[PDB]
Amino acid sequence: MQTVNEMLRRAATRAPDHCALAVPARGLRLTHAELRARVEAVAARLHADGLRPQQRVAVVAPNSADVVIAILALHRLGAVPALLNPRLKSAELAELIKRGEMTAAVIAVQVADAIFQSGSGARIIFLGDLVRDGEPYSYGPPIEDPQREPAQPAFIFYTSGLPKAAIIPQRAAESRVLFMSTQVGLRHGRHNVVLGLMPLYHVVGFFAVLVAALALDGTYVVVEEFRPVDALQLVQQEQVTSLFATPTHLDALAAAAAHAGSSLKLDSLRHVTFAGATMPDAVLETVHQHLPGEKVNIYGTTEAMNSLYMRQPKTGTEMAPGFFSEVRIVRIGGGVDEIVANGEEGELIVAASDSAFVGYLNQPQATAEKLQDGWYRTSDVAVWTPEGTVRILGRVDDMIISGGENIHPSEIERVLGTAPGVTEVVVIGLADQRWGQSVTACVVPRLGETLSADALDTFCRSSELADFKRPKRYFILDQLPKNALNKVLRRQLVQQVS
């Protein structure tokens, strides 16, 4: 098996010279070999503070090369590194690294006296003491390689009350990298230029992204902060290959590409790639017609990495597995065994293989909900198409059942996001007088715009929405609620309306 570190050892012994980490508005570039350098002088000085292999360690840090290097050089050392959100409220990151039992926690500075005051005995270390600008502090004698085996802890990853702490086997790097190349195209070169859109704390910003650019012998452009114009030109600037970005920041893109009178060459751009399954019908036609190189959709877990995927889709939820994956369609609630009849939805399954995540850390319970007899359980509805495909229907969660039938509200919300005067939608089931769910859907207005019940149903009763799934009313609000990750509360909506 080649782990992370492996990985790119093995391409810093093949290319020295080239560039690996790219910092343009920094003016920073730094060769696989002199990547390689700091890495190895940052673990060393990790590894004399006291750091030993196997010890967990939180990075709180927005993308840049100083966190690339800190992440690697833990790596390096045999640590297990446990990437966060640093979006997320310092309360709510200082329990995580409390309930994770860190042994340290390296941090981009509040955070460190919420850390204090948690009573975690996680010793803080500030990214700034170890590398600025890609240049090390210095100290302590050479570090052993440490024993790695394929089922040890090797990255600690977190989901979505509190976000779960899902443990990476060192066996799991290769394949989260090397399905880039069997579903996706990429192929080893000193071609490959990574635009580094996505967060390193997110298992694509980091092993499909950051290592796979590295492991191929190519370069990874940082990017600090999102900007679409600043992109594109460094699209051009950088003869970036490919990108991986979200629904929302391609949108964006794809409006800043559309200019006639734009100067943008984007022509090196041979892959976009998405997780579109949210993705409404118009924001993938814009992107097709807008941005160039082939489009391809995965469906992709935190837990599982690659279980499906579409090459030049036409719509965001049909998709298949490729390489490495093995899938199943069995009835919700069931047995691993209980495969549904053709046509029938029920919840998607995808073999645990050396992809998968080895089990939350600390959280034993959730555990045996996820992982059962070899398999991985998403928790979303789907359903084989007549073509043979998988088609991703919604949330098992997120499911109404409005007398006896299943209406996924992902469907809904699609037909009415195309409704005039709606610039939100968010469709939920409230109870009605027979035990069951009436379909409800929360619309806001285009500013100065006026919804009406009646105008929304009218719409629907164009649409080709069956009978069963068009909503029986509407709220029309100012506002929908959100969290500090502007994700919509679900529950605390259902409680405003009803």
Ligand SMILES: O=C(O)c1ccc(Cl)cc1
The other form holds:
Number of protein chains: 2
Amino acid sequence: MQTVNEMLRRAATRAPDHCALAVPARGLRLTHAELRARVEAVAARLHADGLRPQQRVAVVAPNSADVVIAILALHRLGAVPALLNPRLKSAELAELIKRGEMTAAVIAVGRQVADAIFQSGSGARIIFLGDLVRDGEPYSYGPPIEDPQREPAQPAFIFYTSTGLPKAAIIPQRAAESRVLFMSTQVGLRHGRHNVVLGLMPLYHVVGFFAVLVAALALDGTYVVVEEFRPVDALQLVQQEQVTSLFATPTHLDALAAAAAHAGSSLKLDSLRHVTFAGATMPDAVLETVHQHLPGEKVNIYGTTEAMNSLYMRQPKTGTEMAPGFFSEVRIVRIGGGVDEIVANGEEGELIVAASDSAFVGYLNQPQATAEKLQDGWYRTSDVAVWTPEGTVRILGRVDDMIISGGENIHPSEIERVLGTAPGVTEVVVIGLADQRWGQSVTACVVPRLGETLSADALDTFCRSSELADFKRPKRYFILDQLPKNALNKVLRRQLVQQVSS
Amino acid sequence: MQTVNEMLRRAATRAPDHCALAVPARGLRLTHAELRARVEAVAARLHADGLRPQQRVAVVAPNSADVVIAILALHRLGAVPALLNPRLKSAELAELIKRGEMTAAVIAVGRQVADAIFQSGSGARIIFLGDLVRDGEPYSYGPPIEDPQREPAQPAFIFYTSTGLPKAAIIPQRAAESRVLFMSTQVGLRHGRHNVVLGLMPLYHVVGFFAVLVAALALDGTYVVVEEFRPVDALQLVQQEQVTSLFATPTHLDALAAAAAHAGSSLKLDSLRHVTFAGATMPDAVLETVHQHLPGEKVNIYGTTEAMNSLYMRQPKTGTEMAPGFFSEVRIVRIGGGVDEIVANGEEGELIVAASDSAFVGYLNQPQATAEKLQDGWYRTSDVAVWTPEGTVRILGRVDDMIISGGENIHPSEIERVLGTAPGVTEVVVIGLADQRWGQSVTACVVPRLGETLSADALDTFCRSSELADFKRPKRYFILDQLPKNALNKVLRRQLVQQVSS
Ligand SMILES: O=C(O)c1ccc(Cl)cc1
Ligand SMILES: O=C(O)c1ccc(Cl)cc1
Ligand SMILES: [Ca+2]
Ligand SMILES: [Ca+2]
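Next, give the form solved in complex with this ligand, keeping in mind that what was shown is the form deposited without this ligand.
Up next: the whole complex, starting with the chain shown before.
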């Protein structure tokens, strides 16, 4: 195998004087060799402070060159970085660190987080990011340290998912290589000093780390740091840095397209060859503006924290239709059945994917959730899917979102995509409410565009004119001024049911 | 890891009804699933006959769909195929089989080879290819057999090299994946049913097997069988089969270019996107006609049986200047020195390459040769090279071909490339002959174009007009009617020294 460390180490022998890490706004640029020396220096300092191989270390920080250096240093020493979203509540961050039995936590200042960890009882030693490295410059002490022995199944990195608190997925050493190289076999990246990769995806997301940061460096290219997303600024970096690939959220992509659409603009996006996204939830309209206003090859991917890439589609026409690429083996099985209970073609079931080299080895300290998701060599996505007559996979939605009305499956995502194109609608969530037949009734919760007036009659008229089969059209509308959302701007579906029942 | 078997097995789950193997001339076409069933059937028959996992089996046959099925079947059963060039002398083939302690040999009729094996004393059981499978159709008997456990360092395939008899390089299970995927990271192939790969390279060559056959199937594409090379016919297959990539010898490429150069021709080569070659020995002129007359991206690669791909160059300008790609780590060391004796930049030494996942594990039954080539984690290529001011690798020639004159290194390959452009010259070999100073004198052996008259004076005049430094120009010419060559049309350099000394 080639671990993350080995891939970076080899890259550095091949292109030592080539730019590895750029933070243009900060005027900060490091070659592959300069980056490696800084990683080595931070590793040695961390070791001298008592940190040892296979100890878990939390990382709580937003994207920056300094966190890149810290993460890779932990890995170089042989510690296991547990990368956490810093936008989570402080008490939740502290509970996950406690839960995970971490040795230490590396955190970015604004330390109501450090307070939280202390007062949780965790005993994770706090390490401030600014104490380790500042704008690429490390605080250096301690003897040089051995590059430790890493084993294929051994914990390497921990990444956190979405009922309840996020789960700590353990990524083994052997998973890194295919988690990078799918970007070559599926997305068509290739080795070379031409690679300039824009860092839009968060580092605590598996795509942000493996598919973006590691792939950039491992292919002997440049990773461009973005500390704060702004569409005009991001497109200017494409031109100025000669960016060749970008991976972004559907939401960032809609904003980037709109910014690229001005005829009075001087922006040159010619260098950009690959625009990649996880577009299962992307509406036809968003995808259309992406095709129109951004250059490069568009590639849709399906993936998970647990198993990385499982499906993709070159030059997609809709976001939900994809097929397995290199590394992947997929099935669709009876919802709630064993891994060998293949559905007849055209029937709906749960998408499952083989757990090969790229797969997590379990959820840290959560044996119960692990047994439910990893069964008999297969990862269970908890997504509903169907094989089409063309032999591709159509993603239908989450098992848990599914609505059963008159004994028939209805997927709110489909109905939401339709209703989101209706006049006056700015937001829509489709949910099932209990009927009097022991089933559920398709119900739509809609927010009006500012100043517009919605009506159940007009919305139903729009649905009747759509392609929606009769049984799918909402039986009832709730017109609301806003939807209940958590701090991560995500809709609280349970809270919504309870709200509309009274 | 993903073995050859696993890569093919996964491909077959992904594209069972897509064409895997085509022999257009024969009207023979098999899907991935049809191919897999035939592999399984041949494996089961071979097992029932007594063949077991980890036993070595020689394969002596020219490219054909049937040998593809036999090789993969042996691998499926878990036996170790030892692939042999059928153009070698029968007695030499029998000696290698004996030397290798093979359990059996699968051979293509014209069995002066079977006679040879018997009368060698080998005790390898003879298996005729035509007894196993005929035009894709297997002779089926025996119970279904288990897919055996394969381990990363365990022998998988054996491939033979070039003093003395060819050596049996043992390729481990873990080597297969990077031996395929370099075609993605270096050459820019990607996963997909668009892949149609023309099978010009021999299956008993590592490129022919890993980079061509296995890569074709593993990426869910089609392998087009070519039993006998003919330029017009090969280009017609490009058009008719919509070939996307081809890997050929410099010699085949010169012939394909010439055939493509006709303005009266109806050939459409539009589908062809990748023309790949090992061009270290390719003259500037040949490369020029390749650029002019063949479409697709041209990529030069450097590789070995022992370590697969170590250097490459996109859109090459000369054949000798390349750089390490993904997977690779390279050094240039003091000729005859330890692996850490790095040369100062611009000084000549031996190219060595790290022995990572793709590397052989040794030469079967040849511990002495193994110790010379695999030292301290490094494979020794026995090629001389130098780092250029641009930081690329320039291949200079074989260590053993090097001529020392007045204490200075001269590489005949360089002098041969120059002299091959001289009027009247059809063939040239540059050799060193003993001088009276305990060194060697640069001597050129030249064959005239049919009917042309060569002279030492005219040849020396041409050299004086070239870019050759003074010390490199031949001191002496031998004008010969032909050069001594073995049955593989290769020049016998030792035999040439002895011939011209009398
Ligand atoms: O979580 C995701 O959406 C995700 C994870 C991994 C990949 Cl490759 C793609 C998407
Ligand atoms: O033997 C060769 O020339 C050779 C072997 C392997 C590769 Cl990848 C390229 C060339
Ligand atoms: Ca309100
Ligand atoms: Ca003669």
